[PDB]
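Only one chain comes next, encoded as structure tokens, the form solved without the named molecule.
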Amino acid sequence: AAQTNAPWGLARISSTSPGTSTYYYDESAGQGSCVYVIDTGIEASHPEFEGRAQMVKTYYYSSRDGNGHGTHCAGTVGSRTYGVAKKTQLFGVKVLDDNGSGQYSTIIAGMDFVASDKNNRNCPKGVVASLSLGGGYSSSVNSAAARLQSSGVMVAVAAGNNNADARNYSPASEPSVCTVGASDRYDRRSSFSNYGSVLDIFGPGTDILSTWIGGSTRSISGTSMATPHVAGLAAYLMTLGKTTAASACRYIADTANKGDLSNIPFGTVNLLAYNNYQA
């Protein structure tokens, strides 16, 4: 299948070179996989989700996304127009308040929640969790992210937006999960993206169009936008039988576009998420 005039990052992920505008993907489109978006929530009524999204848990007064950040990320995973995995199932877990902020004990609780809740849901092709959040190093946060991964969920986390080594941020610094850096439309590392040996992969994160609250859309930037391209891609590959939750990050790295990016510091992987689609 082909989506013409796609957002650039969806094109980038199905091409060996930059500058194309068509997203080429298999029709299966992540059908039968599930992605948990652990964030500010998801506006599930947005037309672009087509009834495929729902809130399953909130740690605040309401389950509503009063911010937009979670809706945007969810959109890049699995919205019709803006998503990598256009037929996946989205579940929203609200660990961040409507200012985009959250305590570490709540974030941890949210990851433990997903590990359990997945056993109650029908996800025959597998389970993915997208965590477009982070702060300073915490061994407990890293530990929760490790638990979620070892549960059998493909965990994808943002590297962070400090133009620094990701080793000092969590859950970015947990080795066992899939730590995602950001690139721009010219195949440069995004000027804000963290880097370092703990990064596993890069994805598109500068000027990413996606769904917003109030039924709208908008284009924002960050490692937060790169993470759901990778989470979506994982879902899409698992539905294809190409990989499993335990090895998806490694599979994505082994099948990535190698060496295309510029401004990658020495010791950081130069690998950009790629679907390898061939009609």
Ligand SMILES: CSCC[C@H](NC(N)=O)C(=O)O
Given for the second form:
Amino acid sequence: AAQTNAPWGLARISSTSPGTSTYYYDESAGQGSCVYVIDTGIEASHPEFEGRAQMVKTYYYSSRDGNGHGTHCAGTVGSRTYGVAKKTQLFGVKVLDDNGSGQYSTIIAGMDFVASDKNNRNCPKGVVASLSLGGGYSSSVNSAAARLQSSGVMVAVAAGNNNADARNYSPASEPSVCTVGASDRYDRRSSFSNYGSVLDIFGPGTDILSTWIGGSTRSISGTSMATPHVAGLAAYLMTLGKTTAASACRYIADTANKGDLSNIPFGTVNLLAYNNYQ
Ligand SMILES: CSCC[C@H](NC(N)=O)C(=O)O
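Let's compare: the form solved without the named molecule is above, so bring in the form deposited with the named molecule bound.
The complete assembly is shown below, putting the previous chain first.
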């Protein structure tokens, strides 16, 4: 399948070269997979989700996304126009308040929730979790992310936005999950992207158009935007049977475009997520 005039990031993950605008992908499109977006919520009523998004947990007085960040990330995973995996099921877990903030204890609880809740959901092709959040190093946060991965969920986490080594951020620094840096449309490391040996992969992160609250769209930047490209790609590849939740990060790195990015510090992987479709 071909989506013309797609957001640059979708085109980039289906291309061996920058500077194209069509997204090519197998029509299975992540059908039968599920992606949990652990964030500020998801505006599930947005027409772009077509009934495939659902809030399943909140730790606050409402499950509404009053911020927009979670809705934008969910749109990059799986919205019809702006999403990698256009037939996946999206589940929202609101661990962040409408200012984008949350206690580590709440974030940990949300990760434990996903590890159990996936047993109440029909996801025969596999389960992914997208975590576009983080803060300073916490062994407890890293352990929660490791538990979620171990339970059989492909966990993708943002590297962080401090132009610093991600070894000092969590869950970014947890080795067993997939840590995602950000690139721009000219194949440069995004100026804010964390780096370091803990990174596993880069995805599009600068100037990413996706869904927003109030039934709108907008373009924003961050490793928060690169992460759902990788999460959606994992769901897509798991639906095709190419990989599993346990192996998907390694598979994405093995099949990535290699050596295409500039401004990559010595010791950081030069790998850009790629779907290998055509
Ligand atoms: C009609 S929406 C197209 C959005 C635009 N796409 C590309 N390829 O530049 C962008 O990513 O900004």
